[PDB]
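This part shows subunit A:
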Amino acid sequence: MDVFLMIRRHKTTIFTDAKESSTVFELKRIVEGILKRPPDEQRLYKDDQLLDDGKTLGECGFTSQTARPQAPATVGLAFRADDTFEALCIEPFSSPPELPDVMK
Partner candidate 1 sequence: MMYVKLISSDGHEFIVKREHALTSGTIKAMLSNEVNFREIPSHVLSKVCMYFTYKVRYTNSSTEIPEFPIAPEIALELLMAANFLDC
Partner candidate 2 sequence: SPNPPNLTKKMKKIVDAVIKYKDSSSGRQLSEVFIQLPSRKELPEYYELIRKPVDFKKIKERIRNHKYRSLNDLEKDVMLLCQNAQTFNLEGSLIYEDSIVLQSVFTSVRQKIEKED
C-alpha cells in the first residue's frame, strides 16, 4: 500500500511516496538521496513527535486513508547543526484572500 508524503523543513517541501510497510530509516535514505544529508543527521516527525528508525510508516499512522496523493501527510524534518540538532521549524505556506460575497 503506497503512502504519499510532504517532507518539510524551513522553506523546503519534498513530495514523495513510499510503502506503508517501509521504515522511517528507509524514508531518511530517500531524503539523503535528495538533500545529501546522511540519516544520522536527520530527525523525522509526525504531529511534533519524533519517529523511530525501525518503525514502519503504517505504525507511525501514515496509511492510504491519512496520506493520499491529493492530500499527502506532512513529515517534519530537522537537520543536525554541527554537534546538536536544530529545532523543528516548518515555515507556513501563504494564505488565500477573503472569500468573495458572490461565492458565499
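If you want to know what made the cut, all candidates are chains of the complex that A comes from, given by their letters.
What we mean here is this: a residue touches a chain if its C-beta (ideal position, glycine included) is under 8 Å from a C-beta of that chain, and two chains touch if they have at least 3 such contacts; residues count from 1.
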item	value
Interface partner of subunit A in the complex, by touch - 1 or 2	1
Of all residues in subunit A, those that touch candidate 1 in their complex	2, 4, 6, 11-17, 33-34, 68-72, 91, 93-97, 99-100, 103
